[PDB]
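> The lines below spell out each chain.
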Amino acid sequence: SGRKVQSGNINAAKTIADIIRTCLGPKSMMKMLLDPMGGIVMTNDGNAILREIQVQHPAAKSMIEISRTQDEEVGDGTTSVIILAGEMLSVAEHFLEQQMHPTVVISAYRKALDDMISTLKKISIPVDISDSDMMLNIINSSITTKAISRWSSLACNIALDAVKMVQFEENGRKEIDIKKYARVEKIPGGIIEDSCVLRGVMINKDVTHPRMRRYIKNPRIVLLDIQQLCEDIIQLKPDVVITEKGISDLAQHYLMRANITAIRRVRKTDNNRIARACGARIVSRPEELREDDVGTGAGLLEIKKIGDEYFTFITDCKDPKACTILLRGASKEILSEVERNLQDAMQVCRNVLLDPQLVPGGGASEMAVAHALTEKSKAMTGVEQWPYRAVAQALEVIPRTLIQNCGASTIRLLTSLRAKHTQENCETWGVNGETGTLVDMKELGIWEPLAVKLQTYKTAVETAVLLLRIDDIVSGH
Amino acid sequence: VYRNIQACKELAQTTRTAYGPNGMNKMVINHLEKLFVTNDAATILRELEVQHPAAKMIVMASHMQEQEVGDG
Amino acid sequence: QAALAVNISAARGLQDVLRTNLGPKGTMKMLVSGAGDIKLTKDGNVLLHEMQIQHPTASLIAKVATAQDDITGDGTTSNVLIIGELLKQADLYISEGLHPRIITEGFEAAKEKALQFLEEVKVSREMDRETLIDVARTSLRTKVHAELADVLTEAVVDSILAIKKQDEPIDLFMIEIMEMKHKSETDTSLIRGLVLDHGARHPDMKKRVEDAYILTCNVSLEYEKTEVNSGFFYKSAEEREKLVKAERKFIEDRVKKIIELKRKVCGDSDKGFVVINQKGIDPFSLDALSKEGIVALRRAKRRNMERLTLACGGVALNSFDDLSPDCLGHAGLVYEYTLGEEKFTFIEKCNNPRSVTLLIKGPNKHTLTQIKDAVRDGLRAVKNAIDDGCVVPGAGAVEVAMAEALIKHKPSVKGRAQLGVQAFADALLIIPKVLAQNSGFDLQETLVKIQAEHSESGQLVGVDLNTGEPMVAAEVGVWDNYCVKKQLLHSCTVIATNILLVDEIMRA
Amino acid sequence: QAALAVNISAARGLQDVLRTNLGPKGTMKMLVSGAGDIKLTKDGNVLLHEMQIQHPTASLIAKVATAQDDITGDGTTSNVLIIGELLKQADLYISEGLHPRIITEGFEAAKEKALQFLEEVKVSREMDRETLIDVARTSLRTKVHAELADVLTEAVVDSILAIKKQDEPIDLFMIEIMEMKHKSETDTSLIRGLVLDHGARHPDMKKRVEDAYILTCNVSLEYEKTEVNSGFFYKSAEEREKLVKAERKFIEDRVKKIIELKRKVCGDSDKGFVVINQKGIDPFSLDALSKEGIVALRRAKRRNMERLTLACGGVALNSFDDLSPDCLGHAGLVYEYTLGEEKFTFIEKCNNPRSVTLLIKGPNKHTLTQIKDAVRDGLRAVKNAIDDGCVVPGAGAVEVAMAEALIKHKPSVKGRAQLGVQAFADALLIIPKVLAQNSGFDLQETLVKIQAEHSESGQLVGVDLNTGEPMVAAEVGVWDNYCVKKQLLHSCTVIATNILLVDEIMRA
Ligand SMILES: Nc1ncnc2c1ncn2[C@@H]1O[C@H](COP(=O)(O)OP(=O)(O)O)[C@@H](O)[C@H]1O
Ligand SMILES: Nc1ncnc2c1ncn2[C@@H]1O[C@H](COP(=O)(O)OP(=O)(O)O)[C@@H](O)[C@H]1O
Ligand SMILES: Nc1ncnc2c1ncn2[C@@H]1O[C@H](COP(=O)(O)OP(=O)(O)O)[C@@H](O)[C@H]1O
Ligand SMILES: Nc1ncnc2c1ncn2[C@@H]1O[C@H](COP(=O)(O)OP(=O)(O)O)[C@@H](O)[C@H]1O
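Residue numbers (the authors' numbering), protein chains in the order written: chain g, 17 to 241, 274 to 525; chain Q, 29 to 100; chain z, 17 to 524; chain Z, 17 to 524.
Since the hints were derived computationally from the structure, they do not count as laboratory data. Among the clues, some could well be false.
As the list claims (entries may be wrong) - Just a sample of chain g residues kept apart from chain z, beta carbon distances all over 12 Å, derived:
#1 47
#2 68
#3 278
#4 490
#5 524
What the hints assert, rightly or not - Output of the computed footprint for chain Z on chain z, the stretches with three or more beta carbons under 8 Å from beta carbons of chain Z:
#6 109-119
#7 154-167
#8 454-466
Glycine residues also receive a C-beta, built at the ideal position from the N, C-alpha and C atoms.
Next comes chain g alone, as it looks inside the complex:
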């Protein structure tokens, strides 16, 4: 008990923090995993190693879960958060031992994070939206250095359409976006260049017997889950109705009498995207029937069979919020990277809409913010200033690991970077990740999204305060 419980938590934190501290950057070392049967796997990804490793300490499990949940939130940076949290806890080691209560440490950390947000918002160089040249520069900065080096054009065009087919002007100006309503079709076959984008959702399922009309100039898609409903649909007579019940031949002719084209054996994964693309409303209760039963769906439909399989083509939708990004190629070994890259690009577009900025990469932003806090701390007073300086100093962990997994000596390079950076007023000099040499990031063309940086710093600070707030762990074993 006493300090020993917090010490155990933060030691378990530091261990899993520095187990993979080398695994980031463009020259990441590859880690070695063996299960107790002789099976061998060679891994270069922090998420994979943290998933496969088994640890029992509750603090380690909590931080692993924090990293895992932050993975889907933002994507990139999933390891920098762990490294930052571990380094901050390792520097809080020295203040926990000298008998100061965790409350002042939490207060100092919160003040430091408040300064963090403003400093990041200050130094971030602005970037425009949808302009091809620096967008492709961003693609080179983040998407490249992976297995899509020779196929970056397809990822570029898919991202460029994707950032424009999921726009949500719900409560503001397009600031809302989603990454799950895109009708992605990862079908193996043919050259990888066969991928294309089609406006509007499309469905892998269609009518079993195509002796019937599907495409109409005004598709009024209506969602639905006994012929009573079939001839009660005549309340407005929508041309096409999407349901989840089987249709017989006599039932199909009943649909024709009802001027509807129903579908069968279609999962919710298609139904929700259909609803998003067409913007309709679902109603089946007889009392709930009103003038709002039917909402106009897409603007066109087409019948076409691609790759010897029956599809449904909902093209030119009323709302271009759920469109289709077709993808054909050899296999899926290239397209998962395409998926994560387009997710990152959509996040970049979304934040540029939110805050059109790109903080310098390669530790330049880290150096800028550390310099800002270490110069601001000199004025403010109180014993709380020691953690305020400690967090800024420990934030230097990204450049040191970048230089470490490059061959160059971290100490001399770090000293040269900081000493140069202080005299420099608005330079934001960083370190080359491939050669371990000092270089201005605007020259090297490397940049980082602002939203992901804010999320990483805020999540790291929140994890630090969460793991330092815990006063005991005993509830059993």
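Following the hints, put chains Q, z and Z with the ligands in place on chain g, whose structure we already have.
Structure of chains Q, z and Z with the ligands alone, referenced to chain g:
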């Protein structure tokens, strides 16, 4: 080199609490097993027969300090 | 810090185990199983696929090496030796710092330089019979005895030059290796067309078939009955007593269909109607139809019938009747040959005689397997040499010149990558060393002699595995495959980088 | 058969222990005694005399190294490092058989080539004060604190320049070093001529006397007309009374001779003759001598008479009855210095402008011994530098040049002796590597830069131990001694081949 640093750190920590007017007293048992109470750092260190050579260096440096300053 | 040392030790152990296999004069290992049956082999691929490895990462190395080099012909043991030497050389610099990334950069630069060197050294002498003889000898003397290899080279080279007429390398079906157990292992030749495993119960039906027509179509002289009714013969056995009957009408239907097929497309008892069944047949209908001149047999595997489709012709459906004879083809000779007690049907001189099978007469199982593997390796090597069209001087000729080029390429690269390049050169130097050591001569005596004479020779030069004298492999007949060298270098660099980039190991 | 692995591992461990000592920024080592005495040192000349050495052959290496260093005494650590690296490189090739004798032949060839190459990179100029300043700095910064060397180099160069007689070299006893127990180091000065070990501090002693003379007496108050000293025979009646009057007259009988001897030279002892006694003197005779300026002292060591024989002139024979004026030695300017407790006789302008004494001053011996050893071996190095007419570049500049010369001499050698010379050249690179390691910079990176610079430029580029950068090493005045390097080249080779030729250690 860390062992020498640990030895010097422990030696300094032993007599750190005696600093200033508010120094704790010490129970000093000499070689001939005699009770002795004091708080002076020089008295206990001159009685402390430490073994680590780094401790020997730091203590003899302190002795040279006392030689021409008389305190501190 | 120490995981790297563990991986280094495992790789060195694997290399040391596989040291005494490279080269025709190198000794061969033998494999023992839990059952008791043993295998005697020297090829690296089978050795790595069959060895029971202790160390985990050594098993990783073996598995990944086999997986990658299955694409090319061979060079497995050479690849393992080179990766082990690369790891050792990198360790001699890592032990004093030298972060592995710099060694990786040096390795990649050396790989690029070696690729360019191999591109500019490869010799594009036009293909002929003699070069194929030399390639077959070089690829065969490293898997079997000397004179056995010399005998087998003629057979394999003749088969391959026969195949080469399509102007496109194809394999698998078109070349078939038959296995049998005659005492005289010296008998080894090639047979055009197809050779069927065995036949049926026919007393001197046709024998010398001469011209023949092939329809096969899985005849139903013993068409399946209705035996299965409920489990087995119960007290209600009248089903399996009478319903099992009345299916003889299917057999008679097939008999008559073949009857008008034969006396429609032939018009006489000659011109053997070649048909096959996937299962057994009744001798009664079989010999009744064969006495009319119909070549009917039984109990054949699928691979032969798919080869018959492309080399003899005729559709094949188990459920069938008389139909269009358009699919039917012609055969020059369907003579049947019997050696002692088991019958071989020689379906040769047929339409599209491109398909050819290889005949061996190994005495026992393990010699048969070794002969099969050796001939397969020779076929793959000569096919690759055909495909590239540019053979390369073997016997360590390319390796020593590559090492010299890498050394002369040292000042070109900046930084500390020169150490990686030098280690890469010293590792690629291992192949002539292993050749000399396995032959029996002194390691550095032969190495120094070869390097000293290559210094002024300019042309490539190897090692004679009979006296230790340097030898110009180009003028003697030692040859390797361009694709083999390409894949070996690339995979070697990849695996060396992957192992060197490891930092720490934890359980899972 | 290969039982030399234990010897080579012991040599490698010894090299590791003596590592991190070269260069001015080397790591000092502390020696603990059994009784608890602590000694701080860095020079291998004394560091190879530890309380324990553990492994036997490691002790043998130390024995031979400290036996062969005494000619020069400047490269013991360098020699041990070179031996460790030579053995390791030879092991890299002995692992694969390769009987050691050919390696010894290669070592002999490399030694011949290196000694031949030594004759050109050396530079031979005239040496004067500013040139010897660099030599003293280089030979002193490696054995003492950096700041202290700054004041000691200037204090030693002037001394050695002033005491250089002619082309004939110096004598070991020609230079004498004295110390004291001053609390503060207070730099270090220089005194010409003899310095008294200890004297009589009677208040009537004379300090400032010019044109003095010296005589040495053995005993003057114990035995009458006899130079023997022993306990008084109390039991003997005649002896007791005879020695009691000998307490009074045995001094005065020759005191009158002394006073007339000095007064005939100068009235009333104007020149102020000085006398020294082996033991104490009668207080009454002490006062009588001090009144005339004779200055009676005591505690004359057995070497002072010989030292002043060549310095103060005359003969300081202990036999009495001087009579003739021939045993007295002129003292041009005798000054009595009594710093703190001990009084010292500074005989300036004696009958020698040579045989100076140093005034090294500092705290308790824990570091004063290090200071005296540093000044001693600096004096040895400057003596050798002024003896030979040539000097060589330091900072490992010469080592890289020898490495390149040996590498370019590789084809001229025949057989595996080429590999021997290659191993020797590769082992010669240890000096720049250990210098870079001790300075804290990257080991291989510094040597890479140095070799890259030296490749294009014939200048012997060296290492600067403050930035890890190549440096010309000529104008910086980093020169090291030449004879030390020449002897080291032989002394490393002999021990290397001797250890490499051993076999089958026996328990005699
Ligand atoms: N080529 C490069 N040069 C310099 N810095 C880089 C380079 N590539 C990535 N980085 C830096 O590495 C940091 C981590 O990014 P990365 O390792 O790609 O993903 P993760 O953060 O998920 O580990 C980024 O902040 C970026 O600034
Ligand atoms: N009344 C006081 N208030 C604050 N500090 C004091 C007071 N008296 C003495 N000191 C401090 O105590 C220090 C010396 O105490 P101590 O270490 O016990 O003995 P020494 O004088 O041998 O060092 C001095 O540096 C002085 O600043
Ligand atoms: N007659 C020969 N003389 C010298 N070297 C030969 C001869 N035959 C083959 N070799 C060498 O053997 C090597 C291939 O042997 P090995 O690597 O053991 O077989 P695999 O390719 O199945 O691994 C080739 O590089 C070739 O240089
Ligand atoms: N200022 C300097 N800069 C670089 N190297 C120096 C300097 N002074 C001395 N050295 C190096 O110190 C070495 C000699 O020290 P060393 O041989 O280790 O003495 P010992 O062997 O007696 O301990 C020389 O090789 C020289 O290169």
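> Now tell me if each hint is right for this structure.
These are the hints, each one checked on the structure:
1. 47: With a cut-off of 12 Å, residue 47 of chain g comes too close to chain z, as the shortest Cβ separation is near 7 Å.
2. 68: Nearest chain z Cβ is 5 Å from residue 68 of chain g, so the label is violated.
3. 278: Correct as stated: the minimum Cβ-Cβ distance to chain z is 45 Å, above 12 Å.
4. 490: For residue 490 of chain g, whose nearest Cβ neighbour in chain z is about 25 Å away, the distance exceeds 12 Å, so it holds.
5. 524: holds (25 Å)
6. 109-119: Holds: 4 residues of the stretch 109-119 of chain z have a Cβ under 8 Å from chain Z.
7. 154-167: It is violated, with 0 qualifying residues against the three required.
8. 454-466: holds (count 5)
In summary, the numbered hints that this structure violates are 1, 2, 7.
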